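Asker: Listed below are the residues making up each chain.
There are 4 protein chains.
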Amino acid sequence: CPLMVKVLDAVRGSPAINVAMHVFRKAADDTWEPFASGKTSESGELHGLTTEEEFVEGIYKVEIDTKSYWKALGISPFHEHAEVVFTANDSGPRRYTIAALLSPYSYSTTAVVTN
Amino acid sequence: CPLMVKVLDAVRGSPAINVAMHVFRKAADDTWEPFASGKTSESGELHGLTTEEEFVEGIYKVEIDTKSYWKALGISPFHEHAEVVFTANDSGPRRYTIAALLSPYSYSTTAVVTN
Amino acid sequence: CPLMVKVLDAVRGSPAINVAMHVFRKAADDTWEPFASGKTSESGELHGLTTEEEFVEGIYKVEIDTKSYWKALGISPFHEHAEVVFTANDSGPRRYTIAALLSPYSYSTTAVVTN
Amino acid sequence: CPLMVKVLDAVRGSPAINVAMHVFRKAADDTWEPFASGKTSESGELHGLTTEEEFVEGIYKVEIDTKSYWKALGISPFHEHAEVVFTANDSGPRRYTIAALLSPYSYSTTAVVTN
Ligand SMILES: CCc1oc2c(F)ccc(F)c2c1C(=O)c1cc(I)c(O)c(I)c1
Ligand SMILES: CCc1oc2c(F)ccc(F)c2c1C(=O)c1cc(I)c(O)c(I)c1
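From first to last, the protein sequence lines are chains A, B, B' and A'. A prime marks a further copy of an entry chain. Per PDB author numbering, the very first residue in the first sequence carries number 10; after that it's consecutive. Per PDB author numbering, the very first residue in the second sequence carries number 10; after that it's consecutive. Per PDB author numbering, the very first residue in the third sequence carries number 10; after that it's consecutive. Per PDB author numbering, the very first residue in the fourth sequence carries number 10; after that it's consecutive.
So here's chain A without its partners, still in its complex pose:
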């Protein structure tokens, strides 16, 4: 599993379940092409987005639909989505965990990259 996303809720102290996200990859003409999508499970994790062979070098964007998550809890949040943009596999294959910790007016994001 070369790309995994984990989302947590800082209001409830829980995984953020059923959070939709779309992953894009920058094409040679500089447009964002669709790459993969899914939603977080009961553990707040989304696995199985891609494979080692498909996940080539490139610039990737993870767009996490945080607005819909908060609205369903009755909260009108500040952000439209959380966006994570990064170059992947520039020095050979790596495994990436993208994580986001969500509050209505704030989020933190980090990456855990392993060889």
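These are computed hints drawn from the structure, not numbers from a lab. Keep in mind that a hint or two might mislead.
No copy labels: a pair is met if it fits in one copy or bridges any two.
[Claimed, not checked] Capping the alpha-carbon separation at 30 Å, the derived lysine-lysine pairs in DSS-like fashion look like this:
1. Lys48 <-> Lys15
2. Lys48 <-> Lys80
3. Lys80 <-> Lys70
On the provided structure of chain A, position chains B, B' and A' with the ligands as indicated by the hints.
Answerer: Coordinates of chains B, B' and A' with the ligands only, in the frame set by chain A:
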């Protein structure tokens, strides 16, 4: 000043100085049109981006060039940029501070929205 | 003002107002003796805690009463308080801002140390 | 496993390995009594601190030795340690994950609490 951006450095414990950013407004065709830009001051702040009359309701994106900031310090970063995407909404007189706290492999962002 | 504390609310997107805190200095017997205290202003800031002559090198603890803050808003919090423990070190003229960003089940803290 | 701690490094984008921590429990006389201790593994996780039977209701403090972690990487950090203080099991047994994301001048901490 209806919109201000403040950027801090979590490695050095300091304002993040000379950080470039662009602000975009989402257009009717879902493209991002440039709206304002600048570099943070010695206090890590960027003022004077817009005026009350120009800053109408809509979806805005602040793209902060965090990669160039870390490269200037000789530190390898994860993100291509930090992206803050939000809806501006008219409910009473409001001033928006977008703040970002930067680390090489992580960032936190919040909004301080006041009257 | 050699020491200032700023507290923000990540649920409401606002300064955290009327947040009580105590500052302690570590004594020779490893106990915490009271040093200063106050409540945050409408800007979420607490100024005037100490003076340059009083704020000598040593280990200091800021204990922020985040539990009472969340209880006043009717939101169940995780932490008893937020604790920030640091060493003050003399290397040139330095001013310390301790900042805390609060959510019910999470907090972030940073230091902005300037000349 | 009713109490687990996970520590990540926001500079390197990696687990924080070999981070020492001590857990204390508030006694009836209001002193902090030693409860458990350990260090994080190669995954940045510390498991096996306690058992369901030993982990009774109370106020617990996790003291994470972040200063030694940074010093061994050549970094002189701001904080002496990260302190996480919380009431546990007040409504019956729960499983707690305490997490900390570390930078030299900043850290974020959250909790994931499950029934
Ligand atoms: C994401 C940016 C951020 O991180 C924080 C944190 F981790 C703890 C406390 C904080 F206030 C913040 C903070 C801020 O928004 C911020 C900091 C200062 I100094 C300000 O003067 C203003 I206005 C805003
Ligand atoms: C931005 C997301 C985030 O915030 C953190 C924080 F504030 C403190 C400590 C942290 F580990 C994190 C964290 C994580 O990356 C994370 C949390 C868990 I639980 C995991 O199992 C995995 I894999 C990753």
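Asker: None of the hints should be skipped; say for each whether it holds.
Answerer: Right, here's what the structure says about each hint:
no. : hint            : in the structure
1   : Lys48 <-> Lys15 : both (10 Å within a copy, 24 Å between copies)
2   : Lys48 <-> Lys80 : within (16 Å within a copy, 33 Å between copies)
3   : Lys80 <-> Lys70 : both (23 Å within a copy, 20 Å between copies)
Violation of the numbered hints given earlier is absent; every hint is satisfied by the structure.
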